Amino acid sequence: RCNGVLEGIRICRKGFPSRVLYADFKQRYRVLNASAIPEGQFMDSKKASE
Amino acid sequence: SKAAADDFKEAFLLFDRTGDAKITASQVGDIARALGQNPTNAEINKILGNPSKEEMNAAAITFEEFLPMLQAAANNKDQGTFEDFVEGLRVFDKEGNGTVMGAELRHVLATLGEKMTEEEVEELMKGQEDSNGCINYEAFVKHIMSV
Numbered sequence: 011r012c013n014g015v016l017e018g019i020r021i022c023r024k025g026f027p028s029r030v031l032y033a034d035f036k037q038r039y040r041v042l043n044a045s046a047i048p049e050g051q052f053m054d055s056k057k058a059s060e
Numbered sequence: 004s005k006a007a008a009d010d011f012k013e014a015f016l017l018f019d020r021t022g023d024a025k026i027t028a029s030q031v032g033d034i035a036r037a038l039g040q041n042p043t044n045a046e047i048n049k050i051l052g053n054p055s056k057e058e059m060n061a062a063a064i065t066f067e068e069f070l071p072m073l074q075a076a077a078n079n080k081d082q083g084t085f086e087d088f089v090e091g092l093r094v095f096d097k098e099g100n101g102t103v104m105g106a107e108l109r110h111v112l113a114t115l116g117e118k119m120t121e122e123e124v125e126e127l128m129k130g131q132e133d134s135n136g137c138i139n140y141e142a143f144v145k146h147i148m149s150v
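Those protein sequences? They're chains V and R, same order as listed. Under my numbering, residues 11 to 60 are what the first sequence spells out, in order. Under my numbering, residues 4 to 150 are what the second sequence spells out, in order.
This is chain V alone, in the form it adopts within the complex:
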């Protein structure tokens, strides 16, 4: 609390709390539109998730 950690989380959550790292994003969710999400993730680690 006194760190600022809990306040950074607050401000985030007002904001955009959860933030996924791209690969961490690919792997876990490729399966959703499997063909088109896998291609995206593989083709550009970032551009993929996009």
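Be aware that a few hints might be false.
[As the list claims (entries may be wrong)] Short derived list, chain R residues pointing at chain V, Cβ under 8 Å:
{"#": "1", "residue": "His110"}
{"#": "2", "residue": "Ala113"}
{"#": "3", "residue": "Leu115"}
{"#": "4", "residue": "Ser149"}
Rather than coming from a laboratory, the hints here were simulated on the basis of the structure. Every residue, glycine too, gets a C-beta built ideally from N, C-alpha and C.
Since chain V is already given, all that's left is putting chain R on it; use the hints.
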């Protein structure tokens, strides 16, 4: 209503392979589309189940159930607006010209939502996409609404 269109009954005799005047429940989706109705496959699925009708076990039909199911699907034809079909694909690719890159439309039509086979996706792009790899969806959606 008849306008009693008796050609719906004549088309049921062209889709029944046994000639007994019954059409299985698995053919009813594609025959509603061949009579000039586009209900989504989840809608055709729901209605069926809604009526405690299982498309998992053997099915038969009678004209007396297929006629009112086509008349219940016929009210939903007001959902077929071409403004939203061309604007969907206009938000799918940059710049001021209606062109989808080939593989973008093929992978989206096979894997997003109601799965279309890649055989049917190739049969719907055949002729409208040339060797530049760019599908002009102004003429593509025009020809898709010509059938």
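Against the structure, the hints:
| no. | hint | in the structure |
| --- | --- | --- |
| 1 | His110 | holds, 4 Å |
| 2 | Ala113 | holds, 6 Å |
| 3 | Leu115 | holds, 5 Å |
| 4 | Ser149 | violated, 27 Å |
Going through the hint list in order, the structure does not satisfy hint 4, though it satisfies all others.
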